[PDB]
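Notes follow once the structure below has been shown.
Note that one protein chain is taken out, while the other chains of the complex remain in position.
Here the chain labels run A and B in written order, and each chain numbers its own residues starting at 1.
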Amino acid sequence: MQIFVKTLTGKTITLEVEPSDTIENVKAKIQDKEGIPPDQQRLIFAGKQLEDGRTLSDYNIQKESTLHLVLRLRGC
Amino acid sequence: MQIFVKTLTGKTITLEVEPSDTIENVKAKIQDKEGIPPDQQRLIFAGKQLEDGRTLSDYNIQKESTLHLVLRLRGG
Partner (left out) sequence: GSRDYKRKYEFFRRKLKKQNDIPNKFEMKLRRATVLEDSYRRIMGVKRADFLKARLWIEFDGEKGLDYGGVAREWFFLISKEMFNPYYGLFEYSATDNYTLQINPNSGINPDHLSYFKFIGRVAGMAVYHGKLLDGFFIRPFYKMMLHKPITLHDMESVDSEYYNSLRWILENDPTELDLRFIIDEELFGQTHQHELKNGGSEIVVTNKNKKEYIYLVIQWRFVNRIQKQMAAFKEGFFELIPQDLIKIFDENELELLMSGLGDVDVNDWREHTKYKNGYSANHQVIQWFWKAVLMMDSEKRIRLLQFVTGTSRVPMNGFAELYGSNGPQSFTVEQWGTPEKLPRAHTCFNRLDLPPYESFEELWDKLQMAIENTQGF
């Protein structure tokens, strides 16, 4: 199933995934397309941060869902 | 002693001063360091503007005590 990942600059990244693929895996796919390391990514779907351990299945992601990419680069 | 004067940017500076010594020449030591004419200086300790009519013993200034400088506006 295709899903899209929207970045803060409205760029949309399209991915081919599977329900059993984990969030870590999706972030890996993102690294491949965009060069951003998984630890520097956060993914959001329906307003909630997605946990790396869990799969696309137990979050109700479906065909053509939109996820949001947030970069974790800044602190104090 | 060692005293601190905080300016309103947040720039604390540090003087070498004598408890005998009056506010006037404290201004002069500030005059010496950051080049601010003494007559243009308001000095403040414990929330009160120090009168050059008196002495830093009289104000009970103590070692590592903290002073506040604000500059004086001239007017029409």
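We adopt the following convention: a contact is a pair of C-beta atoms (placed from the backbone, for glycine too) under 8 Å apart; a residue touches a chain by one contact, two chains touch by 3 or more.
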Ask   = Footprint of the hidden chain on chain A, which residues?
value = 7-9, 34-37, 40, 69, 71, 73-76
Remark   = Absent-chain interface residues of chain B come out as 6-11, 42, 44-47, 49, 66, 68-76
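As a working rule, only the chains that are shown with their structure count from here on.
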Ask   = Using the average of all C-alpha atoms in each chain as its centre, how far is it in Å between chain A and chain B?
value = 58
